Amino acid sequence: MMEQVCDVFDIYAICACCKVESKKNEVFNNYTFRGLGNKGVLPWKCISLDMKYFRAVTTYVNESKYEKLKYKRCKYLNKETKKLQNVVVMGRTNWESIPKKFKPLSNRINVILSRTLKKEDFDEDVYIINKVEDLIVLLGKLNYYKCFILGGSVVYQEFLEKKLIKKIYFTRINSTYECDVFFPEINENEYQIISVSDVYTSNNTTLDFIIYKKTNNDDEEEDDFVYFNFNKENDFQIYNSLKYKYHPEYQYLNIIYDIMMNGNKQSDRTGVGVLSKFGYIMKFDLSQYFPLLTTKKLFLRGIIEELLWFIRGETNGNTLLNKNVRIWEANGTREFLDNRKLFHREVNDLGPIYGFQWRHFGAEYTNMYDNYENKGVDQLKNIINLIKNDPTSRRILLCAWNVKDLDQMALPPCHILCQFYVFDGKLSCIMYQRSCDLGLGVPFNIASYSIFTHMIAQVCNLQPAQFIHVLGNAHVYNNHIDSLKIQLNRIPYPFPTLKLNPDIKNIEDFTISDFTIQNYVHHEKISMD
Amino acid sequence: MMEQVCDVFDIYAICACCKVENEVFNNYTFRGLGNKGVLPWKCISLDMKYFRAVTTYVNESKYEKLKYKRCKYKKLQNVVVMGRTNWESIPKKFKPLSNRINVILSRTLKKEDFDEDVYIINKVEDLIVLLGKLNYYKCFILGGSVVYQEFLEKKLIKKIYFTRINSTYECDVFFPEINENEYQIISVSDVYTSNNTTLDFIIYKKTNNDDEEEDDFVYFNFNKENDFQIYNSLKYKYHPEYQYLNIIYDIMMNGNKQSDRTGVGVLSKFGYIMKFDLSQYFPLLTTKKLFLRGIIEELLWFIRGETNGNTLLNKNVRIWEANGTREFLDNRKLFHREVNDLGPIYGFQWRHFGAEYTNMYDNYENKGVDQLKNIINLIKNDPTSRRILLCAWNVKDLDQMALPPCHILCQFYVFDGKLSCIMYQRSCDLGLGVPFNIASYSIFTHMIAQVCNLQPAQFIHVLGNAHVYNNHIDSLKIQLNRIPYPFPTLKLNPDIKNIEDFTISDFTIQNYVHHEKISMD
Ligand SMILES: NC(=O)c1ccc[n+]([C@@H]2O[C@H](COP(=O)([O-])OP(=O)(O)OC[C@H]3O[C@@H](n4cnc5c(N)ncnc54)[C@H](OP(=O)(O)O)[C@@H]3O)[C@@H](O)[C@H]2O)c1
Ligand SMILES: NC(=O)c1ccc[n+]([C@@H]2O[C@H](COP(=O)([O-])OP(=O)(O)OC[C@H]3O[C@@H](n4cnc5c(N)ncnc54)[C@H](OP(=O)(O)O)[C@@H]3O)[C@@H](O)[C@H]2O)c1
Ligand SMILES: CCc1nc(N)nc(N)c1OCCCOc1cccc(-c2c(N)nc(N)nc2CC)c1
Ligand SMILES: CCc1nc(N)nc(N)c1OCCCOc1cccc(-c2c(N)nc(N)nc2CC)c1
Ligand SMILES: O=c1ccn([C@H]2C[C@H](O)[C@@H](COP(=O)(O)O)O2)c(=O)[nH]1
Ligand SMILES: O=c1ccn([C@H]2C[C@H](O)[C@@H](COP(=O)(O)O)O2)c(=O)[nH]1
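Residue numbers (the deposited numbering), protein chains in the order written: chain A, 1 to 23, 28 to 85, 96 to 231, 283 to 298, 310 to 605; chain B, 1 to 21, 29 to 80, 96 to 231, 283 to 298, 310 to 605.
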C-alpha cells in the first residue's frame with residue numbers, strides 16, 4: 001500500500017537523556037535514561053560531546069542523495085519534478111530555552127510549534143506552525159534533506175503518538191540530575207535499537223549514542290570483492317539485528333560469539349569440555365570509561381581485595397576468606413593441595429603464586445607465614461621505578477610465570493605478564509593471559525587489570541590510557557553456553573567510571589575504601605550454570 | 001572525448017602463469040602459460056575453482072547500466103573467448119564451458135558445427151560486433167599466448183585477472199610482458215597452497231592513458298580528528325605480508341615519537357597481533373630479500389642450550405656479536421663475564437631454567453627445568469593442556485644476561501592434529517628484527533609440529549612495544565610501496581623425529597621470490 005508520512009518526509013527525533021533522581029539493588033532497563041529537562045532548562049551544565057554530535061547530525065546533508073528524496077516526495081504528493099539544509103522542529107518552550115546567540119540554529123531550517131505565539135512575535139528567520147498537520151504541509155513545500163524533531167517533552171510525545179518518527183537518535187547520558195520533564199516510554203513493539211556507539215567521557219560523565227528504528231511490524286571493483294571470496298566454505313536474533321555494534325563491550329561479546337560459532341570442541345583438564353580458540357586481543361580506553369561488563373551484573377569488592385593481597389606479597393588464603401572473598405578457596409583445600417602432590421602444604425597455603433612472584437621472584441618459598449623482606453626480586457617496585465625514571469624503557473614487565481616454582485603453586489598463573497608503556501604522561505598496560513575462561517574469569521580479569529592500570533598510573537603521576545588484553549587459549553565452557561546465549565542478546569549500557577582516592581601516592585597504601593565505581597548501569601545477574 | 005571499446009564492452013583477460021626454466032625477480036617472472044599444447048602443471052584445483060567462479064559470475068541487477076551503455080554505443099551469462107589451440111586443449115566433458123557463452127576465435131574453423139551456441143569467429147573485430155548482438159554480463163579472454171598477445175596490442179583489455187603460480191615448469195608459450203605504464207596492479211589476494219604450490223590472485227587495471286544507515290555511519294564518526313602512492317593505490321591488499329606492512333604504515337602515520345635506550349629515536353605504538361597460516365605458506369617477507377642460515381643456526385644453538393657466542397661467530401653468524409663485546413658487557417656491569425659469554429639467555433632458560441649460571445663452559449646436564457622437553461611431552465601426551473608455555477623471561481636472571489629477551493614466551497595450542505604457536509614479543513624493531521623474528525618462530529613451529537607428529541597451523545605474533553627506528557623511515561617508504569609476491573614454502577627433512585636432531589641441511593626454502601635487498605641503515 002501507500003507508505004507512511006515519517007518515511008516520505010524523513011522525520012526523526014534526536015534527544016539526550018540522563019538518569020533521574022528517586023532514592028543498593030536497583031533495576032535498570034532502557035527507561036532508566038529518560039530525563040530531558042528541569043525548570044525550563046537542561047538538567048546538566050554542558051555536555052559538549054553531545055552538543056557536537058547533535059550539531060553533526062542535525063546539519064549533515066548528502067546532496068547526491070537528494071534527487072531520490074525529491075522524486076519520492078513529489079511522487080507521494082502526485083507531482084512532477096541556498097545550499098541544501100535539514101529542517102529542525104522545536105517546541106515553544108524548547109525554542110525559549112536556547113540563548114539568543116544560538117537562534118536560529120545555524121545551517122538549518124528552523125520551525126517552532128506554538129499556539130500562543132505567531133510570526134509577529136519573532137524577529138528571526140523561522141517558520142511558526144500551530145498544528146502538527148501544518149508541519150507536514152510545509153515539508154511538501156520545502157527543499158530539504160531531513161527533518162529532526164529537536165524536542166520538548168510535549169513535542170516528542172505527540173510525534174511518537176502520531177507515529178511520525180522513523181528513527182530516534184538517543185543519547186544516554188550516564189549520570190543523575192534533577193529532572194521535571196521526561197522522554198516518553200518507548201514501546202519495544204514499535205521501536206528497536208539498531209545501533210550503539212563507542213563510549214565516551216565528556217564533562218565528568220560517560221555517555222553513548224544509540225539509534226532506535228521503527229519496527230518491521283563505483284561499480285567494477287565490487288565484483289572483484291566477490292571473486293576474492295571464492296574460497297569461503310537463530311540463537312542470537314537480537315545480537316545479529318544490530319547494525320553498528322561499536323560499544324567496547326562488543327569486543328568481549330564478539331569473541332564469545334566467535335568461539336560459539338567457530339570454536340574447536342575440546343576436552344580440558346576440568347572434564348566439562350569447551351569450545352576454544354587461540355589468540356585474541358581486546359583494547360579498552362580507560363581515559364574514556366571503566367570497562368565493567370554491563371550485560372550482566374559484576375561486583376568489584378573481591379577482585380580489589382585480591383589485588384591488594386597481591387600487592388602485599390601474600391600467599392595466605394585465610395586473609396581473603398576472613399574478608400569473605402572466596403576466589404581462592406577451592407584452590408587451597410586439603411583435597412585440592414593433595415591432588416597437586418602438595419601433601420606438606422597447610423590448607424590455604426597457596427604457595428609462591430602472584431603476590432610472592434611480584435614481590436619476591438626467585439626467593440625459596442617456605443610457608444605462608446615466613447618473612448620474605450628483601451628476598452628475591454621485587455618486580456613490583458622495579459616496574460614503578462622504571463615507569464617513573466625510565467618511562468621509554470621496553471622492559472617494564474611484571475612476570476608471574478616463574479618456571480621453577482610452577483609445581484609449588486596451588487595452580488600455575490593464568491595472567492602471565494604485564495607490560496607497561498608510557499607516552500606523553502599516559503600509562504598503557506598489556507596483560508597476556510594464557511588461559512581464559514570467557515564466561516566467568518575474563519569479565520573479572522578485565523576489571524582487575526583495569527583497576528591495576530589506574531593504581532599504577534596514579535602512584536606514577538600519569539593518566540591511564542589503554543588496557544590491552546591478550547588472550548591465548550580462549551575457551552567457553554559447555555555449562556556456560558546457554559547463559560551466554562542469553563547474555564549476547566542483551567544490549568550494553570554506557571560504561572561506569574572508577575574513582576581512586578587521589579591522596580594515595582604509593583602502591584602499598586591503597587585500601588578497599590579508596591576505590592569507587594560510579595554510575596554502574598547493568599542488566600541482571602546471570603548464574604553461568 | 002569519445003570513451004573506449006573495452007570501457008563499453010567490459011573485456012577482461014584471465015590467466016594463470018608459472019615461473020619458467029642470485030636471480031632478480033619482477034612481475035615478468037610469472038609468465039608460464041603452456042607446454043606441449045597443454046598446461047605446464049598437472050592440475051591446480053584452486054585456480055580452476057577461481058577460474059569457474061570468476062567467469063561464471065553475473066550480477067543481474069547491474070546489467071541495466073551495462074545495457075544502457077552498450078546500446079547507446096532469458097538467463098544472463100558471460101562471454102568467454104578462446105583461441106583454437108585452447109578450445110582443442112579442453113576435453114569434451116566440459117566443452118562447451120558450463121553456463122557461459124562459448125566463443126571460438128579460428129580463421130580456419132568449419133563454422134557449421136553445433137551452431138546453437140558456440141559462435142565461431144574468423145576476424146579480430148568480429149567479436150565486438152557479435153557482442154553488440156548479445157545479452158551478456160562480462161567478456162573474458164582466456165585464449166592462448168597469441169590470443170592474449172593481440173587483445174593487448176589492440177588495447178581491448180580493461181582488467182587482467184592474473185593467477186601467479188609459484189612453481190617452475192617446462193613451458194613453450196608465455197604471457198606477453200605487461201607494460202608497467204599501461205596496466206598497474208590494484209588488488210592482491212591472500213596466498214594459498216594448492217597441489218603442492220603456493221599461488222595468489224592479482225588484478226591489473228588499465229591506467230587512464283537503503284542508504285539510510287549509510288548516514289548513521291557518518292554520524293558515528295563525528296568525533297574523528310604521497311609518500312605511499314603505490315601502497316595507497318591498492319584497493320584490496322589481502323596478501324598476509326600486509327599484516328607486517330600495515331603495522332609499519334600505522335606506526336608511521338600515528339606512532340608516538342620517543343627517545344629510547346639507543347639514542348636514535350623511534351616512532352612507536354603498543355600492542356598488535358599478526359597471524360600467519362603455515363598450512364598455506366612460509367611467511368618469509370618478499371618486499372625485500374631475507375636470508376635464513378643465521379637464524380636457523382641460532383635456533384639450533386638455542387635448542388642445544390648454548391650460551392657461548394663463539395659457536396655462532398665460528399659459523400659466521402654475527403647476530404649476537406655486538407651483545408658479547410667487552411664494551412657491551414661492561415656497560416651491562418658484567419665486568420666478570422668473558423667476551424661472548426652471553427649469560428643465562430634463551431638456550432639456558434629453555435633447557436635449564438632456574439639452574440645457577442656459572443660460565444658458558446660449565447656442564448649443566450640435568451640442572452634446572454628443561455622446558456623444551458616439558459612442552460614436547462605436553463604436546464604429545466596432554467595436547468589440550470593450557471600450560472604449554474616456553475618462557476625465556478627469567479626475572480631472577482635478567483641482570484646476568486647480556487640483554488633481557490625480546491621474545492618473552494611461546495604458547496602452544498593443539499586441535500585436530502594441528503599445532504599453533506603464540507610468541508609474545510616485548511620489543512619489536514619493525515624494520516630489522518621483526519622480519520627475522522616471524523621467520524624464526526615460524527620455522528620453530530614447523531620443528532615442534534614435526535617431532536610431535538602434528539601439522540603446523542598458525543604462527544601468531546603478538547607485539548608489545550612496536551617501533552620503527554628513525555634511521556629506517558626512508559627504507560620503509562620504499563618497502564611499503566612494493567607489492568608482495570606469493571610466499572615461499574619450508575621443507576624440513578622428514579627423517580628428523582626429535583627436536584635435538586635437526587641440523588642446518590634439514591631445512592629448505594623453496595620458490596622464494598622476492599624484491600631487491602634494502603639496507604635499512
Ligand atoms: N535533553 C533533550 O534532549 C532536550 C531536547 C529539547 C528540549 N529539552 C528540554 O525540555 C524542556 C521543554 O519541554 P516541554 O515539553 O516542557 O516543552 P516543549 O515540548 O518544548 O514545548 C511545548 C509547547 O510548544 C507548543 N506546542 C507543542 N505541540 C504543539 C502542537 N501540536 N501544536 C501547537 N503548539 C504546540 C505549545 O506552545 P505554546 O505554549 O506557545 O502554545 C506548548 O506549550 C526544557 O527543559 C528543555 O530544556 C531537552
Ligand atoms: N594458463 C593459461 O592462462 C592458459 C589458458 C588457456 C590456454 N593456455 C595454454 O596456452 C597454449 C595455447 O597458446 P597459443 O597462443 O599457442 O594458442 P591459442 O591462442 O589458444 O590458439 C591459437 C589459434 O587461435 C586462432 N587465432 C589466433 N589469432 C587469431 C586471429 N587474429 N583471428 C582468428 N583466429 C586466430 C588460430 O587458429 P587458426 O588460424 O588455425 O584458425 C591459432 O592457431 C596451450 O598450451 C594452452 O594449454 C594457457
Ligand atoms: C542537549 C543538546 C541536545 N542533544 C541531543 N542529543 N538532542 C537534543 N534535542 C538536544 O537539544 C536540543 C535543544 C537545545 O537545547 C539547548 C539549551 C540551551 C543551550 C543550547 C545550546 C548551547 N548551549 N550551545 C550551542 N552552541 N547551541 C545550543 C542550542 C542547540 C541548547
Ligand atoms: C589453469 C586454468 C586457467 N586459469 C586461469 N586463471 N585462467 C585461465 N585462462 C585458465 O585456463 C583455462 C583454459 C581452459 O583450461 C583447461 C584445460 C584443460 C582442462 C580444463 C578443465 C579441467 N581440467 N577440469 C574441469 N573441471 N574443467 C576444465 C575446463 C574449465 C581447463
Ligand atoms: O583469573 C583467572 C583464573 C582462572 N581462569 C580460568 C582459565 C581456565 O578455565 C581455568 C584455569 O585452568 P588451566 O587453564 O590452569 O588448566 O581458570 C581465568 O579465566 N581467569
Ligand atoms: O630478535 C630481536 C632482537 C632484538 N630486537 C630489537 C627490539 C629493540 O629495538 C632492540 C632491543 O632493545 P630493548 O628493547 O631491549 O631496549 O632489539 C628485535 O626486534 N628482535
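Just so you know, the hints here were simulated from the structure itself, not pulled from any lab data. Take these hints with a grain of salt, some might be off.
As the list claims (entries may be wrong) - For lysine-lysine, the following DSS-like pairs were computed, each having C-alpha atoms within a straight-line distance of at most 27 Å: (1) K451/A to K297/B; (2) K464/A to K227/A; (3) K480/A to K480/B; (4) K79/B to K227/B; (5) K297/B to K359/A; (6) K464/A to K341/B; (7) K69/B to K464/A; (8) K457/B to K359/B; (9) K69/A to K43/A; (10) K480/A to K457/B; (11) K97/B to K72/B; (12) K227/B to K79/A; (13) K56/B to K297/A; (14) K297/A to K457/B; (15) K49/B to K297/A; (16) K480/A to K49/B; (17) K319/B to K297/A; (18) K76/A to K76/B; (19) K69/A to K76/B; (20) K319/B to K321/A; (21) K464/B to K480/A; (22) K145/B to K117/B; (23) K502/B to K341/A; (24) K464/B to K341/A; (25) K417/B to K457/A; (26) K79/B to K69/A; (27) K79/B to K319/A; (28) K69/A to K72/B; (29) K319/A to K69/B.
Said to hold, decoys possible - Per label pair, the in silico range of CB-to-CB distance: (30) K359/A to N294/B: 17 to 27 Å; (31) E298/A to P198/B: 31 to 41 Å; (32) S52/A to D284/B: 52 to 62 Å; (33) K464/B to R416/A: 17 to 27 Å.
Unchecked claim - Listed next, the stretches of chain A that the computed footprint assigns to chain B, with coverage defined by at least 3 CB atoms under 8 Å from CB atoms of chain B: (34) 11-21; (35) 496-506.
Beta carbons: idealized from backbone N, C-alpha and C, even for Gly.
Ascending list of hint numbers which this structure does not respect: Hint check: 1, 2, 7, 9, 12, 14, 16, 27, 32, 34 fail, others pass.
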